[PDB]
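Chemist: Given the structure of chain A, go ahead and fit chains B, C, D, E and F with the ligands onto it with the hints provided.
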Amino acid sequence: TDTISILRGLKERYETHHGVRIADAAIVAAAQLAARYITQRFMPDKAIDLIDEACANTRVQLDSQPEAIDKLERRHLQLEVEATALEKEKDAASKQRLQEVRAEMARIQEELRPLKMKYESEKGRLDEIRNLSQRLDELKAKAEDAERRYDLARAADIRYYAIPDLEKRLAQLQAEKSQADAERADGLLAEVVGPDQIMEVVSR
Amino acid sequence: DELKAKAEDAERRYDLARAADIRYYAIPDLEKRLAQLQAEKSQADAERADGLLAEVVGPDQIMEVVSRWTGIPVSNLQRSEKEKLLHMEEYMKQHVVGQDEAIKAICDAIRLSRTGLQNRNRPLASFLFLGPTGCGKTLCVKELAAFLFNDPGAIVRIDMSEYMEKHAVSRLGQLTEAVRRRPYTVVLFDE
Amino acid sequence: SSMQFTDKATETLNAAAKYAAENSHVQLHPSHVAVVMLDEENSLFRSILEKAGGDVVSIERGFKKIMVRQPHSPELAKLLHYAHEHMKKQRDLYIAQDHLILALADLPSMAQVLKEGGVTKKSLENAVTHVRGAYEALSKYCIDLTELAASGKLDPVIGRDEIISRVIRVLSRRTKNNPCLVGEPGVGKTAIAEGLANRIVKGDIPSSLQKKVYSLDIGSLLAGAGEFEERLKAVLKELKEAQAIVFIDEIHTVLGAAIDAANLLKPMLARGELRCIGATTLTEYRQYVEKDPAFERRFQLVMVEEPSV
Amino acid sequence: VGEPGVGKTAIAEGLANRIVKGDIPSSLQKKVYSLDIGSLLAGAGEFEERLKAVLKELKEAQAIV
Amino acid sequence: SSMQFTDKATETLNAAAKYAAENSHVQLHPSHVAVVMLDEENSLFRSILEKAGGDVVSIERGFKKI
Amino acid sequence: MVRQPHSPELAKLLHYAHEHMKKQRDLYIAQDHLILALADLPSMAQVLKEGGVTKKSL
Ligand SMILES: Nc1ncnc2c1ncn2[C@@H]1O[C@H](COP(=O)(O)OP(=O)(O)O)[C@@H](O)[C@H]1O
Ligand SMILES: Nc1ncnc2c1ncn2[C@@H]1O[C@H](COP(=O)(O)OP(=O)(O)O)[C@@H](O)[C@H]1O
Ligand SMILES: Nc1ncnc2c1ncn2[C@@H]1O[C@H](COP(=O)(O)OP(=O)(O)O)[C@@H](O)[C@H]1O
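Residue numbers (the authors' numbering), protein chains in the order written: chain A, 340 to 543; chain B, 476 to 647, 661 to 679; chain C, 2 to 72, 83 to 144, 156 to 247, 251 to 282, 288 to 339; chain D, 204 to 247, 251 to 271; chain E, 2 to 67; chain F, 68 to 72, 83 to 135.
Chain A with its partners taken away, still in its complex shape:
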């Protein structure tokens, strides 16, 4: 019970650095599995590492692309250069191979572009979410020192004309994120750190 209260205190800072969505189900499941399976260290060192490792793995799918998508993109790059190189040649054997490369690239563009561009548009939006959390957590810390060092001309421009202005931008990006998740058949585990994400770290 004491381990759960420790992870809840640093939940705001861990969500800022990683940038994923940390839920309440991953906190209880982390302290429960750390006292039955992985048991060789001490709390909270044997419980905090289970959260930072699970949140770091989710960052790959939220920015890069899985192996099932990256493998298809590498095959299209090798066919684009080969189709152009064989076009300049006037050999009889190059004309037959050119008809098969152009017919294969038409099927790739109909399946890779509607899937790869979804992660590209999300990358430009998900990266802005982390930039908002890094600045909102910094303004709340810089304005706190002004209240203890006798400075009213500095804290008045942060708690009023900085934090309330940058807070409305975070609420607008959360509404557009749920719309893009429906077009990718993801959202229940690909961007939410829950009990299933913590169990994958212990099992490996």
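These are computed hints drawn from the structure, not numbers from a lab. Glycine included, each C-beta is placed from N, C-alpha and C at the ideal position. Do not rely on the hints blindly, as some may be mistaken.
[What the hints assert, rightly or not] Here's a subset of chain A near chain B, in silico, CB distances under 10 Å, partners left out:
1. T423
2. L425
3. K427
4. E428
5. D430
6. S433
[Said to hold, decoys possible] Taking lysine-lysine pairs in the BS3-like style, the calculated list, with each CA pair at most 30 Å apart, reads:
7. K89(C) <-> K132(F)
8. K234(C) <-> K410(A)
9. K427(A) <-> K175(C)
10. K262(D) <-> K9(E)
Modeler: For chains B, C, D, E and F with the ligands alone, kept in the frame of chain A given last:
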């Protein structure tokens, strides 16, 4: 090889003006000459009726390097592991006679570990030779590495004359480090 | 013949043109070089002039008034020609930050401000004598792995998909952001980091990681003298303002020891301002990392298993 | 005193988050310094001379370490 | 009687003699020391004027007139 | 050498060595130091031009 390196550097440093003349001109126009010389060279080597494996690295070329860095003849390298387990009972009887009931028991403990009828938690075969002295305890070990291991000199002998004390138990370590350099070794436990 | 400039001296003219671009300018004047050098951390242009005396404030304000009167400048072409002609005159020492002071003294437009400020021409001779005896230190003492990887001069890495993907997850964490390829001298340790730099240019790395890869040469830092503190502190300073990940081959030899060199890497790896990738042997790993409890807090055990058949 | 895993440095971190905010009067407020053994060993012996200057400043300024 | 100097104050004293000789002077006025000492990277004298009060851009202007 | 009767031209050559001691990079001030110094004189660089020695290639 150098043109492929300069072509990839221009495409990664945002320069599509120099790499367009390498991957599309300097390379497609030179692959026909390189492939033509390799085809005419392979056809001319067959007319000489000798030196067929002197230009193409094949299975016989790799066995020549291994046979030189050790001393094992070439005839022992082409023998696969499947054919050794079949003609094993006929080779042991030519050197060790009289123990007809002991040779069959050795092959019954090795064949059950190579096919896949046992878990991967035990070594090859753990034996325990007994009987009086001079019955075939040392000669049988030397004949095992001369057929299955193809190396009679790869048999270590750790006698219990100096490792009987309790202070020498941790060096079983000298035996751990010795078997790491040579995987296929024969550890003999005398006395 | 041909002149050779370092990466720090090359970016000096680029950084000077960036500051002049915001003030609406079409040419690059040599006076912008002295302004950039006076806005760095622990610069050498200030300590050298302090020995000869004079007033730097009167000189700094004089150089800032020249760039305002501005409408490649004709005066800048004489500076590049002097760097090529005087490149075979003195003795040892190549080009750096202290050698650029004598190049600006030969210009008639820059010598008038110095004489009217304090430090004359004769004072500049005795000032550079006592001080005598990728960026600048990242080119001669370090080798950028991403440069050779993008130039097609790196061997392909096939068969390390289960190891490279694990290092990316370690670098994305808040704590223990210092991987250590713990293995054996024969299973492959340097070639593992070679495949990581290939995914940086291609874009397969997540957005949370955008640094570079620099191979820290141990034998290059021990070239010559005493004078090892001036070479080790110069590498750590260039990696802090540029934000890059340095690669250290065989960390058990440089971290844990003749000349004390591991003391300059402890405060950097503790504050999160440095990311190192280790690749030592398990035999020496239990005597230089697991022995000190402070080193285990920042390094994570990464086992390297030998591939099968 | 405890096992290397229960937390030692984090215990001293909570002390600075209570005296600065509000707990003890200003007559007992003392600064907390983190003396690192790697910073004094660096450089040029001269290891004992750099340590004496640190212990002298901690007395006239009234602060713990 | 003995006089012992350090390192930071030693380089400043030697720099004041070179500044008074390059401008053709006779006497060594004490105003030729605070100008060279102030022109230092992270100098200890800069934090003194900023702590006890007073602008650092107006005090140095009064030393050049001497 | 035939037209020959310190020197008026040697005093100018010694003036270049006084400034070349504080420059950038080279070798050791000795026999090879005066090699790259005679090319600056107009009365000595004319022979190198007609013989095939470019000032930029020196
Ligand atoms: N089956 C056999 N037929 C003939 N000679 C044998 C046989 N087995 C062993 N020997 C002889 O015994 C000798 C080795 O004896 P060894 O095995 O060392 O005795 P011990 O088992 O008492 O140590 C060899 O020189 C070999 O000629
Ligand atoms: N995936 C791979 N593909 C090709 N070569 C590899 C691969 N992994 C390792 N190697 C080879 O293993 C060698 C490892 O060298 P290095 O790590 O410097 O020292 P050590 O040999 O002691 O590990 C490299 O020279 C490299 O050629
Ligand atoms: N009450 C707590 N709340 C939040 N975090 C804690 C708490 N107690 C300990 N920690 C964390 O545990 C870690 C312990 O670090 P430290 O004691 O320096 O070394 P080690 O990790 O080896 O124990 C700290 O980084 C701290 O973030």
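Chemist: Under the constraints set out in the numbered hints, which ones does this structure not fulfil?
Modeler: none
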